[PDB]
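Please model the entire structure based on the sequences and the hints provided.
Each chain is listed here by its residues.
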Amino acid sequence: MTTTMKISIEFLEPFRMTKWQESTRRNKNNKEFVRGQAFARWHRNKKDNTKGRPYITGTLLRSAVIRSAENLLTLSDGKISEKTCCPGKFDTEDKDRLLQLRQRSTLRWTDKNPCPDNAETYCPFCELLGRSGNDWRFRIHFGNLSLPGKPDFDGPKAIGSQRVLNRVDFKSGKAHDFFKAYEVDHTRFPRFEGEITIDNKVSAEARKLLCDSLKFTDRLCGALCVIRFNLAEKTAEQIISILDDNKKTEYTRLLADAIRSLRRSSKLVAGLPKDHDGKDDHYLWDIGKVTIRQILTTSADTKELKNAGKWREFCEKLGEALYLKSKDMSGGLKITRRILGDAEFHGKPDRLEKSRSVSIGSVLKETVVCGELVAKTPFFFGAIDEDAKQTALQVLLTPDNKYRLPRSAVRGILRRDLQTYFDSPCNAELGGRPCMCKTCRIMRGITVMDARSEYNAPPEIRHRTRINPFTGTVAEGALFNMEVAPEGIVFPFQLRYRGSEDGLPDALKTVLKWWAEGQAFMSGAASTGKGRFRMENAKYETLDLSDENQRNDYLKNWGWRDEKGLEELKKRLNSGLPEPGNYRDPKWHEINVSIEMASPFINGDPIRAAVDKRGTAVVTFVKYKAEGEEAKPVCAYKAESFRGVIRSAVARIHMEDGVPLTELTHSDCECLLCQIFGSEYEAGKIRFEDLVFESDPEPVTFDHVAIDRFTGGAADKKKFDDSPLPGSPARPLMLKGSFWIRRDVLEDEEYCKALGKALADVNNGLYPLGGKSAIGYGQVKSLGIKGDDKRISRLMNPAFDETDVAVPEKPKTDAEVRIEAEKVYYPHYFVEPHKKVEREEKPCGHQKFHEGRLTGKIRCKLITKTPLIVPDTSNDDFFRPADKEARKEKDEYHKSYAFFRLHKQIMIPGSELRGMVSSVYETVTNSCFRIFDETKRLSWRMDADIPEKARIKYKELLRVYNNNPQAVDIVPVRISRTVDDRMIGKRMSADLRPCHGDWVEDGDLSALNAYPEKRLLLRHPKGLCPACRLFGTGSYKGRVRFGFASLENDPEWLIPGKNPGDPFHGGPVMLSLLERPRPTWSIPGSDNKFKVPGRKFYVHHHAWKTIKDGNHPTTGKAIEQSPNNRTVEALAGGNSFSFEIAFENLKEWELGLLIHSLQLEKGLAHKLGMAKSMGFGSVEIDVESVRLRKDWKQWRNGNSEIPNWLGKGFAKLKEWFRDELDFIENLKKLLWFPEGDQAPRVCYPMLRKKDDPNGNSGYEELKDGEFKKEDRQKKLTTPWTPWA
Amino acid sequence: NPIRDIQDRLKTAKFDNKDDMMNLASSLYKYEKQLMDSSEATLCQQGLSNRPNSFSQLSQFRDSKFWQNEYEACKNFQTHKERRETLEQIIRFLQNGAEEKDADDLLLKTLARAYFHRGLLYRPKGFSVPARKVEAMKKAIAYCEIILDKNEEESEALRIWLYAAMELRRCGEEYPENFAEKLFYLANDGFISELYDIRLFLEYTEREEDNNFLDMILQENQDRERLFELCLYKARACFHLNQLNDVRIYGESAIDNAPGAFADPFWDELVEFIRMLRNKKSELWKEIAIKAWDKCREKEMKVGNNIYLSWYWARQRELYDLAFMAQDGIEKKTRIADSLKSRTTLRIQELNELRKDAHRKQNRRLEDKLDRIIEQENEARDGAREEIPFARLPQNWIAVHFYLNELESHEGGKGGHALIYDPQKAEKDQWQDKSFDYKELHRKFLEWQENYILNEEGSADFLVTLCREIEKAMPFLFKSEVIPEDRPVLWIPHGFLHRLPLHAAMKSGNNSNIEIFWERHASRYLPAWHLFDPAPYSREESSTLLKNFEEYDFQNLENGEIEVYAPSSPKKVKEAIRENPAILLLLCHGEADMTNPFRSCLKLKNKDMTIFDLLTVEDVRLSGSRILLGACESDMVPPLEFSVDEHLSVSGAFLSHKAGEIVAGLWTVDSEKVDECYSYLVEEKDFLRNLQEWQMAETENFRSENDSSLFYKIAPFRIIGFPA
RNA sequence: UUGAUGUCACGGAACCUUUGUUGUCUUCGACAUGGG
Ligand SMILES: [Zn+2]
Ligand SMILES: [Zn+2]
Ligand SMILES: [Zn+2]
Ligand SMILES: [Zn+2]
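Just so you know, the sequences run in chain order A and B. 1 is the number of the first residue of the first sequence in my numbering; add one for each residue after it. 1285 is the number of the first residue of the second sequence in my numbering; add one for each residue after it.
One thing to keep in mind: the hints can contain errors.
Chain B is faced by these chain A residues, among others (derived, beta-carbon under 10 Å) [stated by the list, open to error]: (1) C669; (2) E1013; (3) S1035.
Covered stretches of chain B, going by a simulated chain A footprint (3 or more residues, C-beta under 8 Å) [unchecked claim]: (4) 1428-1438; (5) 1667-1679.
For the record, the hints were derived by calculation from the structure and aren't laboratory data. By construction, the Cβ of each residue, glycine as well, lies at the ideal position given by its N, Cα and C atoms.
Below is the structure:
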């Protein structure tokens, strides 16, 4: 007869479960089955279907109970209720019928032989083993444990999620194999229930030993335990159909990522950016004339998606759908994942292992440590879900979306840090008797708790790219993305150590001290700063389980494992960690970085630019910081980008047997980069965190516009605003942060030299930070380093200079112009180019500083010869009086601008100066027209005295009729428009068109937009002309950088200003109508002989005097306020600016013609800024010094070499054009500045003779003489030809 | 370069010819691949001429690759790193397409070869096979089975499938299913396409005795690059025909020409050939095993006169076991056993660690790490010391040589052997071969070792029990007919026997009369017989004590006629061994490195000193110096893993510098009795007798109550070396 | 839905490797219209 005991297990952590196996494979030869015996099992309800439920075997519970009983007997010296136990018996014949054999050593408490195998009076431990009693009858029986009520589920994936578990090589830092298990969350499935049944002859002492062993058992199935006695699918295909119908599926990827970004809040849908001028015509969201904007805003108002959890799920699914569609729009040439990431390896136990017995003794104590782990940087515990594929790298979350800090990762980093303390790796073999080394014995005592955050907002996405070292652009198809958890999250931390020494081992005291000091590097992606924690609020206590009174109190309370017990235990933990005896310094040093930038800064984020209300086309990266439940944004400079900059600075200046390190593949590689920065075969030894700005700056918008080289007007390019952080000489941006460097690197002088040289060149300003360095952003003024003990910064002393020779005098010009005071000239003329354009197929590569080529800086002063306008277009209502409060109703109004200022400092953007100098350099070298509206189609009025060709011409006619600003072959009306058969690109010589241009032939090139060789139809057969080689293209980074210009003196204004007490603001001048250029004037007709004339330049003259008097230049009547005029704040002549140009890998003839284009000659000047034709904008530039990089440590003065460079530039021009060099003298004759008594008028004609009180001809009369269609191009291409 | 090619394929191409179509398609593919790879070709900045015509023909082409990737990696005039890169590119370009709904055969067949060949190239990482390799072979099989499902006798897919299956067998996996069926189809295919196939027809012959193919194997032409393998295959074919004289001739010809690198599969196939002849109970295996052993003696000397290094090979131990069993002469058995001793075996991971340290010291042993040529020997697929006479032992001694034969043990026999040499007997009676079973002795050692690691002196009872197992396993140690009564014994152990106190073996006897071995004979130890090189002692008065051991004050050593340094640094250690002291005492801690013995180190005051550092010291003058060691010698040795493990330690480093004789402990020694013991030996510098006097003095205290705790303190000390 | 004299699986960090970069002057004068 028997009696029964009810049992239940309560799990405190996610427990592990093994895969189902067919009944034949459930045998000792199947490695996957044997390795899973310690886990929970899945019961298929019926063989051929996954429907089932989990369960735990009683055989597993018995094995744990026996292990507990051995431990309790050794503490009590083998006596239970003052009755004695023998060692037990653990060996059988016919070992082959056992599925598993004991690897571990059995404990001993006595030396006596065990009971005979056919006796009657067995001791209590032999009753628990079932040798007492020994169809089959059980003396104590353990049943299986099941979920209460035996519910069923359709499969394991309903219960839990399968997860990859690593094994990392200590020496390499890389994992070479892994295994998998299902993790089942305890909050969903806390309890399992079962029963134990006992025969009535079992002794009372055996019953006590059983109950104590159950209470002492603290783990099962890999978890700590206590034992007690649809819309997203519809919306996707809807959007896909809309995006296809409108023929804009090139944006599917961007839409997918931008919509997925809306997980953060439904309130973002109301804030999506609008078009310029503020209309709902944005190029993404207003596709569909319903718009995607309407589809999302109606999804947002839907009650089924008003719950934040359901909005998140909606966005995730819709993003996945759009992404899975988006791939088909491209060739799909490669799989992006890399090779054999599939090596599942299961440890094999050794059947042949030898039996052993060990004493351990009665001394046994348990130390509890409690605290928190606080994320000091973003962190990444990688867990990919194969059912989600939009993100390449994904982070581990609980089923209810709280962030998780796994048990498995905490153990893995303890074992790593213990091997670091002892400075001795383990060969971490699987199987066989336990490893007896000093680290493994500590880990065998340790216990840690799986933990989760309370914070549960969705992760951030960070995008990453790869740079093509030769071209300086992104590599083809290199974009990839990653999820990260925010910094500031707090996890509960609890560790327990059970062992024989008093308190913790000294190695563990030290490792916990490293964690408390802030060096708990715990997550993946460490090389880019992820996963650094500090252990905080630590408290500890030791329990003496050898004491019978404390042991029984420990058993009574289940060791205070559950939450009720734990709060009672935390009342009597001592504060602070114990100090170690043999303290050892940690393996990583913190190096502190300080960077100063006197220029704007941008580190772009395209997805944010799409979602953000601000609407500018490029915006800075911002990162979110968790504090409590809130997430707050911060502007930062990414760890990834900063790592990339420093890595390339080292790479470009080192070699591996004559090959630059930028040119290697770095696979199976052991070079200097791989030794420091790591490889795909080993971890790196330097870790970069994010840098952040102090004083909390705010973005500012800058607008830009491309200028057509023919017409001089805007080129209607795709809008390209940016929103950098503002910095200037009076208000530098201060970047601060740290990177961590391993101790064995600082101890190596060969690595300190490599880093020292690279950081020296960053400090020299050769490596700007972020984007748009071409126009003056990201200029580093200094880089400071602390914490190296001067082992790195000893190489970073400033290079200073070599010599103090002065710059030569610029030559006097030989240009001449015969002005006649009675005559009138035209405001602009065209330079007609030479027929030959010198092109090269393969430019200079960016991957190293080439020998025989120059790298350095030019410093310049700019001086105004004529009043200058450079407007601050951020506010076009500047001069409205304050008393006219808040007049704004979408009326239209007279616009008014201030001069450009940044932090209240008067400046000129570098984008202006680059374009101004580029235009002259393009002309001096006879380059192509870099900017040109080659797909424009001209038209003319008819004189009063079907093929798809006819359709495109007619629809051109229809639009020009509709969009006429002056309104009150197939033709709809008897006298009408004539539309050109050809694009305007066909009216220009094919060698003068842009090297990388638009498609201008017949047939739609969009047929090929999925295939990569399309780009070859758009490129010239012979390569890049000189200007595109120097200033660059969208496929090739340029070699010159232009900085902002700063005013030197206190301002001198054109008009004295409204407040006499303030010298820093000027008064308004009101301008005449600035109006569109007209190519129909200079290309007079449809005839093929009318080709494009040349490059427009505006002449120098003093009509600005008439305008400050308030009179119109042509007809001297007063200028009148209207919504078509502008008012502006203008600087006077005599103001002086300074600015700097950086250059890299130039030839001597390139630098010669660049200095020539800046400097020109005495008697010549440039045109800068607004209102050129009205006289404004004349400036002169003088070179102040040239400084050259010899190497990383030596810079030298280049002033003495300028005469040589100029000579070689002119020699190059003679080599190309062989004195057929007229286009230069025509240029210089338009750059000529009038001298002394000379005063050309200069102005446009009036529309009619009688409209002009001066009586000059006017256009209607001028077209009938001296500017007839046959003569007009010759007039306009001859500088200073008079029209009256 | 590539853009110009595309232009040519458009000047001359019409698509009613498939050669024009193919040559155009190839040019576009090679263009677009290196656009992804970011080569220098990305600086080619030009475009296509004749824009409207080029647009027309390209759009026609797209309105209307395995052929390329087949061609790459046919070139193999390049290193193993370069082979690895090209194979991986083939995989990551073709893996994307082979998973299509119905992929082409040549796409599948090319990718299968890339996975197979890439699998061969994986560098080992431990005692197990790398998991990446086994996965790669299973991937290769998977793609072949797509081709073989649609065509049951595609010869190339069949041969790739079989090649991968054989490698799985080499890795220790089981054969796949249908292995016999696929091998039968190969026997129906019926011809040797490459020499790499002949092993399949031999597998078929062995499984089915269908001898028809053996004539082809013998008839094959000899003008081949890897003839040593061909002779082994001819030898196997010639065995199945029962032509045993030519089996002998081909077998010896194969071994004589054998490759120098164990990574070549020849060495594994040779051992299986020997083991196959044995299990068929031929007599040829004995001769071939002995010849193979004689060839396997290939090694490196490190600095230090007596220390050697070798690369790891998994079946070397099996070959030496076979050669030992083949040889009948006891004197020649000893030379086989002696060949294993005092030699480290490292993997290509740790060989690189030594290469770095040699570089750090700017030492030309760095060039001896051309042994990493072994990495370029993985692929057969391409088809690419003085012997010390035993007569030098002085006649008043006895020498005992141990060998532990694991194969003979696991086959159930008595695999432990003690080869005893007596120099006084007639020339045919000098050698005895006494055999014993060490399984229970090994278990009792591991049982002591764990109790020692957890409790130190608490393990004394397990030590006492272990010392009785030495006698129970070796009763002949207490027989006068094997070890005559008075003569000193020289021990040359093997494996875990190095860890045992052989000099302290206990005979139980009558319950009142326990007897210990050191009461009968004096003892000395040598790691191996080839270290035997006697010399006189140093002719100096200097005695030096180097200490970094703050736990204790050696009041009897430090207050005497000694040059005492209480703290010490590696520079002082280096300096002292350049003065050739009469006696040198070194009392400090040390730590082991389980993975790489040479990186085990001594703990000096501010800087650790490795075994590598100690061996490589320049200008050392230490010949004939007597040396005594503290805890470092015991602590620089890891816990044992296998019965035949042997681990280098500081005692072996000093002996490489020709030190006279060395006193050290087998386990951690009590400082208070180090203080007494070493003082006595310093005062009376005849170590061999004075250590026995000390042990026989203390054994009187042991006999009073048989305290194991006292036996634990006096047993560990032993003498290593053999001076004149 | 376990099988019993033998389960160190708290025996195993999803780890390692990749600059959102590149190219663009916030510029500016000749018409409009259909008849007869
Ligand atoms: Zn019992
Ligand atoms: Zn270990
Ligand atoms: Zn490298
Ligand atoms: Zn160009």
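Hints and how they fare:
| no. | hint | verdict |
| --- | --- | --- |
| 1 | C669 | holds, 8 Å |
| 2 | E1013 | holds, 6 Å |
| 3 | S1035 | holds, 7 Å |
| 4 | 1428-1438 | violated (count 0) |
| 5 | 1667-1679 | violated (count 0) |
In terms of the numbered hints stated before, the structure departs from hints 4, 5, listed from lowest to highest.
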